[PDB]
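Before any questions on how it binds or moves, here is one chain, the form deposited in one PDB entry, in structure tokens.
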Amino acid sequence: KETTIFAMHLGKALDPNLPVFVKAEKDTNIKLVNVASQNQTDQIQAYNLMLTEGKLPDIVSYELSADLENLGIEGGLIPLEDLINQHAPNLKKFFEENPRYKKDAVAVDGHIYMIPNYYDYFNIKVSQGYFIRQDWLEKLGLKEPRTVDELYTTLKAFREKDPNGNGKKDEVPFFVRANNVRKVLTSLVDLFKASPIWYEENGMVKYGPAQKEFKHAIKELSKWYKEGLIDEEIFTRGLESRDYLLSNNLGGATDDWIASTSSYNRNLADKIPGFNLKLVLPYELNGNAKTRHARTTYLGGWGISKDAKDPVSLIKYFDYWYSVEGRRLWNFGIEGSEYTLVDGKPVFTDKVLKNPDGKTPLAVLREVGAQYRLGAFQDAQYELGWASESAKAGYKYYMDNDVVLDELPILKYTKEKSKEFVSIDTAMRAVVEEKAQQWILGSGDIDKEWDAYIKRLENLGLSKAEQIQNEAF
């Protein structure tokens, strides 16, 4: 059966002749025909153009789920929940076994309009983590800090005791990597168990920047900033911060993405003798040793349009990607080309792990149509199949110690509540970022100014936004 689809990902329209989709056609007898051409590169433009047709393609795939769900509410996509319950055993069991993932699939009106492209979140939750210069701790006779007060003592010693050995007070004890204010705050306030965004607490949704922990975080950060413990240029350096500070042997500690930050030991070993930037668990504050840095559960998804003539066959195509072999196909490519089975489990080939032109394993996989964002279920075993030893070590450490808290899910709103919420959320963001940056850099006094700042947030609509967020959760 020839089945029309709108599908794009990373600027490329899905080519059904790629090995992954030829295999799935051989297994399912569904042959996709894309309405997006090989010349289109702008998925937002091509999607909107596609929606002006009198007939929609059989399957509609898009990166932004809220747009798919609105198209469902408008009647352009059909509800899927009865189709799944009646005809898609793999999805039916997946939703039963994963109530969190089921939430991502249910739209604001209680219908399912799209199947998300899920990360394997419960197997790898891990994004950012805390790193510290083990070789500096050791040469200074310091324990690994395990609380925020112990970190303070540690960063003070980094700043005052010349661990890079050059007789200059040039050490930058704590730094971040960011290119906007929200990203700076994200990597500073999590240490103090605060949040710059919305979060979940005791089943309710709350606004990070209005909390007592945020006040305490900014006050402490302002104190550490004044004492030279936090990079004087936190808000002015950009994405070059980590490379500049680590490669010049100035930086002592950070909070940053685990896979990339764990690469510096191997890169700087010949250049900085003894260099060991080491991943540690989140520091404890008042009994809390969690981090709110977490991966997300999905990105994008796909649905069936009102114009598909055989939706039952299409829900089975959707279900194929949740079978054992369909999920392995999507994640790993073709057996005998991208991977072999070793004791029942895929092991990538040299074609994937040692591409002679320098291509990454994921880039090689993408070229066969693996990992092509639709409504499939990523497998963390695909990622561990190629990730570096230090990346995998960091993932395992944070996973085994259960330190990562689930992020607030992507919430669902009607179009009108969304506009209302976004207008409020945008206005408050501007206030929080202005005030927190100035407080951290030592302007004014947060104790004297906190109340008026909270009233400004309330005047911008904080209570209404809380009401909308809690309804949506």
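Numbering follows the first chain given and starts at 1. What changes on going to the form deposited in another entry:
- Comparing the chain between these two forms, the hinge between the two rigid parts falls at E389, out of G228, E389, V422, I197.
- Between-form comparison between these two forms gives a rotation of 47° for the smaller rigid part, taken against the larger part from C-alpha superpositions.
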Given for the second form:
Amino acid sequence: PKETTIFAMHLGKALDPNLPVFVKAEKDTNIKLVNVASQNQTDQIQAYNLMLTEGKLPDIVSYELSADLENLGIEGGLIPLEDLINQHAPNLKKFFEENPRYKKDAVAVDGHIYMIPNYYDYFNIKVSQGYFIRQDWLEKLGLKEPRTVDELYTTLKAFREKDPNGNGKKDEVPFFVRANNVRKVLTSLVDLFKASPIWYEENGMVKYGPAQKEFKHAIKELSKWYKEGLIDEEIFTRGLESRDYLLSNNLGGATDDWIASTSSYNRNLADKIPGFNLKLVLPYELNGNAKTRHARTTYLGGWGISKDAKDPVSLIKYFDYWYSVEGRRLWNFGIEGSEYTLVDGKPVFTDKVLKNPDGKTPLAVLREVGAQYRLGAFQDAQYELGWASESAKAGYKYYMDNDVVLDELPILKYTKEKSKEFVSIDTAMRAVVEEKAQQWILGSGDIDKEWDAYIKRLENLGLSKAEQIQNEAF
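In place of the form deposited in one PDB entry, the structure of the form deposited in another entry is requested.
Coming up is the bare chain, nothing alongside it.
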């Protein structure tokens, strides 16, 4: 083949086209990808901004920030795909016919399609993160299961002070999160206090979570929990390895994280830590409120074909390949005879995935062969149900049955008059939020003295204009 250039990062890692999934895709489609993001880049947003200054765009642009990606299309950097799809992408075309909601997510406000989203299998699994606590630490120490935020605070204090891992050292990390940027840290910390670090919907108004009184109260409580030693001291400096590191060393008491992979640890660690029992509870109640805002969106990011691509028909065929039964199965499941075998026509995972010798979660084993690499694919809940423990599957139903999960805001799209403006204000407000929230949590300053000055900064940045744009797009 010739070479196809791509910008693609995911979870801090530039796509390696020599992973088995992409080796197989190259064999099946004759596209040989070359990534213009280097293996040293770890921050997708910084790498994407650098990529935009380096001359020709790569043939394929993949990005997690889908309003920014669409903005690149509005400005001519990505081409419209709807006619390429109609002529040359029968798998996509049929996908759009059968999934009218997913079709709407692909269409920009001007009626062009500029990216194929990376879709979750949203109509089969919408829940995502839940709350987990060490049942076995509860039992070793005599405690009832906390049901409220203030009972949790008291339980975590007991995890910090009364040595539940029985080694005589004060090493317990009562509450921890899994994240590779400040926004993901905040997502997993402030939902506990019913706040949000992003936009959300409330009585048909779209609101900026970091400007709300709930957020101020969240940062103020988190401040106090951090200073007391209840929240991981290194919460802002670890990366995606935190969960694995803290559970496998028996340091971690409690977290807020994705149900299937977090549930997988009872089996992962059953021999390393006898009695290990990290158990899912419903969101803790805060003054009556028992809801969480953790839910899946219909998609996360996407990819599109740049205006510098020399051959768009063969790239829309590459996009389409991932929507065929074989390409979609390859993206979700890895390699036949390695990650899965076909039993009665259907993929069933092998024990390399299900029972990894070395303490790896099933998902982490799949990501090592290049499966589930966020691009523009259609995730398949059968892959997730294929490795989820029985307690994960009981976990999904427990959250749905109890109506604790507030549905995520639809991913909003902007007119060409507003999209540049919206995305600039969001970015600038985000930096102020992440810098103040991190400095408040860690103990500098005083959020009660500094709050109004903070809100005025977000307003100077264009908060009201951003709320207007949001509400009109809603």
